[PDB]
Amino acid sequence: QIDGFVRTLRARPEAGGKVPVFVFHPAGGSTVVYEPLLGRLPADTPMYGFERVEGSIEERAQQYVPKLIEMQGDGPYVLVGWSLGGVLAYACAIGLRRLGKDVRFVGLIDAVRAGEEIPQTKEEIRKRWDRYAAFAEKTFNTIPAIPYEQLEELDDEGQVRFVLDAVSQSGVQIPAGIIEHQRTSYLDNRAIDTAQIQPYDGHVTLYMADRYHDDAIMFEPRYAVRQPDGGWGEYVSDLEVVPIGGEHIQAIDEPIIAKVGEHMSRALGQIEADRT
């Protein structure tokens, strides 16, 4: 049921059967979030979830892609993801295409670019932690002037490690389980900011919510603004958008996921017909 980083949501038949849907985890979550979607897909559609691994987006896809090929060989490949999972799906599609594999569907569930690029600068690191520090005041009581000089030369992992170490040495002992949920959620979402998105030659459906929910905007304000194409237009010539309304956070759940599943079911149906 769990094999390394692959979760079986519905096992494919022993031989033959329908084309599997590969789904990819969101930041801070498992691919159990795709069970509602599975319920809205055709009967006996296999689904395998790719769970968290370490590295940049590119390094994560470098681990996923060999496993995908082990499982599905030449294709067809159907790759689907919400949130971070959308970025991982796309990154895998890129890698699979470089290897000559047949990617037939990429389904992005409101995986939408920030309205402006996240600067990778010392100034931005300073500004970000000042914002977070001010919020943390209202939470677990005056933070001492952030030691920016150490902070600004660290990656996202080291930033969080430095801050967690400051908290620890200041007296507050956080349960490891809370540290882990918060830490991975934070870092896995931040990994997106420096994703090296390449142009893709195949079909992508973007299921487009109306807006990012407030917590995402508090995490990163530049998510307050989004473009109609979610930033994908310049990368994807064959881009279809399915408007689904609502907020990013709700896109993965009933009732909105019914709209995603209904559309994606037709795409899967066409793929299955074509295989004759």
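Residue numbers count along the first chain shown, from 1. What we label the rigid core is the largest C-alpha set whose atoms superpose within 1.5 Å from one form to the other. What changes on going to the form deposited in another entry:
- Relative to the superposed core, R161 undergoes a C-alpha shift of no less than 2 Å between the two forms.
- For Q198, a C-alpha deviation below 2 angstroms is recorded between the two forms after rigid-core alignment.
- The rigid-core alignment places the CA of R98 less than 2 Å apart between the two forms.
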Second form
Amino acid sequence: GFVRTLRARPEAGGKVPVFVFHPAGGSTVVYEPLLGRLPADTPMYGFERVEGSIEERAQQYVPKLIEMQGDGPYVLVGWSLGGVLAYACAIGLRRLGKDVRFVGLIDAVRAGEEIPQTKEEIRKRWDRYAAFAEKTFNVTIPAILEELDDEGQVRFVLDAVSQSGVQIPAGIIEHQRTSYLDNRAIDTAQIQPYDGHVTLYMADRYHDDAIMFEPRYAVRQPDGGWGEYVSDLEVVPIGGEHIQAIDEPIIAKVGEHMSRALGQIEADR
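Switching conditions: you have the form deposited in one PDB entry, so give me the form deposited in another entry.
Since only the chain itself is given, any partners or molecules it might have are not part of what comes next.
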């Protein structure tokens, strides 16, 4: 399946499980530091990669979420891509009349300026990713005319790396491939409004490689773009860079706040 047990719930009773969603190019094992900062015996299950648009991924996740937790309450948490997935699941659960009590977005932040949706921006986008690959693997990707699938675009870059002579591990290449595709899913997402409570854990800025990939991550709005879609939004400053938000020491601030939120939920069952 696509569900990873990070801490199993007791056979009966116990606390409300926390559902976490994978980041681009990684597994839900990244949430182990967070789990360390949550109360003892807090169950946590991780939702791993599935294919399609954000909406289509949520369509696969939501039935499984319901199978596991039923009417609720639902606690949905995600860093980076995982935050977008958690949000989409929040929409789906809410449409099915489920009790969603917490949505935790760990620095899942929209580009601070409008991204052009033109033919020319497709070329520029690709060029930036190629430049990222070049620096990452110290190789020269040849010039790419390129009207083909997202899969085909990343494959051109990664095929160029392997054919260059250099020997990158297969796992590193594969994570690079899925990372690219997941980020494409983010940018083609059609984000819907949500009337529930959303907690945005807000870092200071995006890391350099994110900005290299998409320049408009250089700027971010105070609300991370979510205010438009969420009338009940709580922004919690955590400082640091996007990439550091998931680890110690920054994750302590997330876990402290989240622990109090979970405490309140337990008092209403």
